[PDB]
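As a starting point, one isolated chain is supplied in structure tokens, in the form deposited in one PDB entry.
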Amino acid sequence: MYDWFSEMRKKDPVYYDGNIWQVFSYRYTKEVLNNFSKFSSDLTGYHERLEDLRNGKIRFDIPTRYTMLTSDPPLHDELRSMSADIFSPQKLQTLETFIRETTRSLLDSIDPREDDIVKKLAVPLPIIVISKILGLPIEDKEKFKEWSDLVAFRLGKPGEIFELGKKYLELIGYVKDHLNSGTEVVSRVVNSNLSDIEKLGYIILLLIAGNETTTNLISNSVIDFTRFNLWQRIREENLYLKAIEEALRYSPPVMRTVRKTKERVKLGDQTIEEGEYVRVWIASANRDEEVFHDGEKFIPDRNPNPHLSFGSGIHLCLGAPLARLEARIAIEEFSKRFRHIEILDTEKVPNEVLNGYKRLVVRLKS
């Protein structure tokens, strides 16, 4: 994809084939993502039916169809308030030892001789931790992972259908059963003018949205650090944070997002019509030669690292702080225990707008 991005960046920053509009340069990607007035996130019809929703006239729809992720202000700001502060840093900092202890336990079940860290570390960590934060148990840890795949949240054009199914009913059932023993976060939502579906959409989101992505981050970080052998340096020079950010910039978990214009707008040259869809390539903008000097090189130092892997603007990842903490602790402990890693086998995730691994097997050697 990158060689393609390079060409588009130089020749056509804003390109329009037949259907959708594409943006490859840092500059416009940021302009599009930030200007929530001309590039909407109202892609599931959360707006043109909020009232019906609020006046309890809609109940057999897909819950996840109504979450802040696919909302515009004022609706957006109202929904985010309810949880903006629960994930904030320092309020999340009270979780460091739990994540550390957990990580250690998980690492313990790894066979230095040969094992799969995606299955042993990458996948477990984010779920165990999100479960702890929300108070919803995960006895499924498999039948649960099945729902995560169904509910997706991979930031592409919305699923046109929105019709129920049995697996989706299982999930909605699980949620209602434990919706009680939840933490403060859950209670805030459970006690709001929010329609009941909106409440379910909200929970499902916080509980599934970031597991896949955070697992991929931890995976990409492991490959990359090895790929360019930076473990020794990162370890001693102590640059875990800056290194995770290069990881996020170089190998972003999600390579793009979409927006829809609600007004005819001019984008630095071309002019996009009202109604059209816009696919914003985060992965491209992250290697934009003009903002990132040596953007094609993995520089663990790279201090001012203003990458767009978490978004930019009012929708900036609500869980950015948490993803960062987990990835850092996971990587810290992982390197403090093996001082040697050799990649035996890896299987990328199929989807070509994602950066992650089906499974990654390594030989650590004590």
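Positions refer to the first chain, counted from 1. By rigid core we mean the largest C-alpha set that fits within 1.5 Å across both forms. Compared with the form deposited in another entry:
- The residue that stands out in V190, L150, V258, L230 is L150, the single one whose Cα moves by 2 angstroms or more between these two forms on a rigid core fit.
- Fitting the two forms on the rigid core leaves the C-alpha of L241 displaced by under 2 angstroms between these two forms.
- Relative to the superposed rigid core, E163 undergoes a CA displacement of at least 2 Å between these two forms.
- Fitting the two forms on the rigid core leaves the C-alpha of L107 displaced by under 2 angstroms between these two forms.
Now show the form deposited in another entry, given that the preceding structure was the form deposited in one PDB entry.
No partner chains or extra molecules come along with it, only the chain itself.
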């Protein structure tokens, strides 16, 4: 739908279609994403229940409604600072050796004759790495796989309530059982003024926030380098870092994100009222020609590359450096093992927000 995007960016960068507002240009989406005083992330009524939550008035509730993701400062900033260092420079750099062997190990499990990279590499890598970060038994890998579907970017769909209940029951249970059998991060959360529901939420967020998204990054990366025949150039010129940033821009794992108007506001020429939902098209902004020259083309050594795939502002993705660090090592290690890659079959994930693949069958030449 990138062609429509380009038409909207030129005619109605800030457009209203009846029920919701939609922003298509880099300029305005960055604005919406950065300006929290006017465009809020309090979509689950977290701020309205913070007292009854920290007072005990509220006993049970879906924990995912109360995380740094659905909050505005100061609350947002209080929550984020508890773990804002676990995904740091020196910090993650120490997970490097672990990430390499892990992918190296996963690579060993592939059958070049024919195989699915999504299932054998793209799916497991992030899960195994986050389990290690959180201190959870890598043996419950499969469980984490199914709960990953609960990620916040995914909207509803008919007759799915029973399955979700089953997932939530087990998810919440699993997390309760391991609250004191965790790392420094979980410890910090467990020993905060936060409520029980909030602590559960926190852990679940850190747990499933980057599984499906990072998996999509790796898959999209393989598809793009392959279809544009960039593998040799990338190994030869060593463009992994930049090439991954271009993949993030061209094939964004999260196509859009939402905000709610905290009050009346004027975005560009439009005056969005108070309480209206504003859809921010990340995929569109990323092809903005004013900002990105030759944006429709995949330029592997683009630089700089100020894309908005990890968002912008105070909510800029907490695990971005991890995500980057993970994709880069997988791609490096992948490009070293197989000599040529043949794309045999593909099944795209059927979601409007999450952009990625369900299956990716390839024949590799060692």
